[PDB]
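Participant: Below are the chains, spelled out letter by letter.
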Amino acid sequence: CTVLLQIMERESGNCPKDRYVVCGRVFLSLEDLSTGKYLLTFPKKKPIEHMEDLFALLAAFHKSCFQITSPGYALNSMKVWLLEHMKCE
Amino acid sequence: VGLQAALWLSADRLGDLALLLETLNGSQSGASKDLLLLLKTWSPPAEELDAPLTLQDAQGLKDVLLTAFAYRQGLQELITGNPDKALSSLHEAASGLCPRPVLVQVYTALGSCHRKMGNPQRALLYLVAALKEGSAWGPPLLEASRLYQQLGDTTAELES
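In order, the protein sequence lines correspond to chains B and H.
For the first sequence, PDB author numbering puts the final residue at 683, and the numbers step up evenly by one.
For the second sequence, PDB author numbering puts the final residue at 302, and the numbers step up evenly by one.
Since the hints were made in silico from the structure, they are not lab data.
Please note that a few of the clues may not be correct.
[Stated by the list, open to error] The calculated label-pair distances, taken between Cβ atoms and stated as ranges, are:
| no. | chain 1 | residue 1 | chain 2 | residue 2 | range |
| --- | --- | --- | --- | --- | --- |
| 1 | H | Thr-183 | B | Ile-662 | 23 to 33 Å |
| 2 | B | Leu-676 | H | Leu-178 | 42 to 52 Å |
| 3 | H | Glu-299 | B | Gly-607 | 36 to 46 Å |
| 4 | B | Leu-652 | H | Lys-227 | 37 to 47 Å |
| 5 | B | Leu-651 | H | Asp-158 | 45 to 55 Å |
| 6 | H | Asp-158 | B | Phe-649 | 22 to 32 Å |
| 7 | H | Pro-186 | B | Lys-640 | 22 to 32 Å |
| 8 | H | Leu-178 | B | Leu-669 | 13 to 23 Å |
| 9 | B | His-644 | H | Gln-218 | 19 to 29 Å |
| 10 | B | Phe-649 | H | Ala-188 | 33 to 43 Å |
| 11 | H | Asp-192 | B | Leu-652 | 31 to 41 Å |
| 12 | B | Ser-623 | H | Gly-202 | 40 to 50 Å |
| 13 | H | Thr-165 | B | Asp-647 | 41 to 51 Å |
[Stated by the list, open to error] Beyond 12 Å from chain H on every Cβ pair, some chain B residues (computed):
| no. | residue |
| --- | --- |
| 14 | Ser-623 |
| 15 | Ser-628 |
| 16 | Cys-659 |
| 17 | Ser-664 |
| 18 | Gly-666 |
| 19 | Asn-670 |
| 20 | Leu-676 |
| 21 | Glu-678 |
Idealized CB from N, CA, C, for every residue including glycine.
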């Protein structure tokens, strides 16, 4: 596959600036995947040190965004549950 | 232990309390005569696994212990003339449960620390926060009266 980044401006109601880029090309096969190389296979690839692997998980996954309001308390147990109960690095 | 300690911490038996918790953890923790570190070192031994119910559990009371001892330590050091040491423990108050009446009072307390040091513009911060979050904004306006007295803003003082 080859990759296209399309750009368009919003401000100008002329549709004037409809640039692109050809941003490279992705070669792939079972010989490559059979040796991992682009996969993420869990727990051995716990220590995330090529950030594309982090970026892959933040692209693939089902994102869900929330507000938490404690209006007659302050809210700090987060970090314990995160760090202690959930055990976050 | 939590409940016992609440009796001893309602009844000013802090020497016996720290002794109890020294016994609980390793007695190698013999020299940590500060409570505020022993209370944190004290680890509830489960997430309270499928046993009978409770109205409250070890952690939920530890969280009350730490905030209550911090508040008490703070007020004693403040009145005793250490509006330097207060600031540490009065930050440990807000960092852990602070029901908003506990925050209102922690903030008046920090206004008082800074006014006694001669830092009026910091004190004003904490006092405006206490005005906002509180339903009883007597003690902050009192602290403000005393601030404008310290300075000489007698019109501001009188209006406060």
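Participant: Could you run down the list of hints and mark each one as holding or not?
Facilitator: A quick look at each hint next to the structure:
1. H:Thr-183 / B:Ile-662: 23 to 33 Å: At 29 Å between Cβs, range holds.
2. B:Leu-676 / H:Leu-178: 42 to 52 Å: Violated: the Cβ-Cβ distance is about 23 Å, outside 42 to 52 Å.
3. H:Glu-299 / B:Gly-607: 36 to 46 Å: violated (60 Å)
4. B:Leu-652 / H:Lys-227: 37 to 47 Å: holds (45 Å)
5. B:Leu-651 / H:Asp-158: 45 to 55 Å: holds (52 Å)
6. H:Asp-158 / B:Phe-649: 22 to 32 Å: Given a distance of about 56 Å, which is not inside 22 to 32 Å, the answer is violated.
7. H:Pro-186 / B:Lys-640: 22 to 32 Å: For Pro-186 (chain H) and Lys-640 (chain B) the Cβ distance comes to about 28 Å; the hint holds.
8. H:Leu-178 / B:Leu-669: 13 to 23 Å: holds (21 Å)
9. B:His-644 / H:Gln-218: 19 to 29 Å: Taking Cβ atoms as reference, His-644 (chain B) and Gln-218 (chain H) lie about 54 Å apart, which means the hint is violated.
10. B:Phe-649 / H:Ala-188: 33 to 43 Å: holds (39 Å)
11. H:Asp-192 / B:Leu-652: 31 to 41 Å: holds (36 Å)
12. B:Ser-623 / H:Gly-202: 40 to 50 Å: Distance hint for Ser-623 (chain B), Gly-202 (chain H) is violated at roughly 56 Å.
13. H:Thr-165 / B:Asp-647: 41 to 51 Å: holds (49 Å)
14. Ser-623: Given a closest Cβ separation of 48 Å, the condition holds.
15. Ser-628: At roughly 43 Å from the nearest Cβ of chain H, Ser-628 (chain B) sits farther out than 12 Å, so the non-interface label holds.
16. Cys-659: holds (26 Å)
17. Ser-664: Its Cβ does come within 12 Å of chain H, the nearest being 9 Å, so this is violated.
18. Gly-666: violated (5 Å)
19. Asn-670: violated (6 Å)
20. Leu-676: Its Cβ never comes within 12 Å of chain H, the nearest being 15 Å, so this holds.
21. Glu-678: The assertion about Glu-678 (chain B) is violated, with a minimum of 10 Å to chain H.
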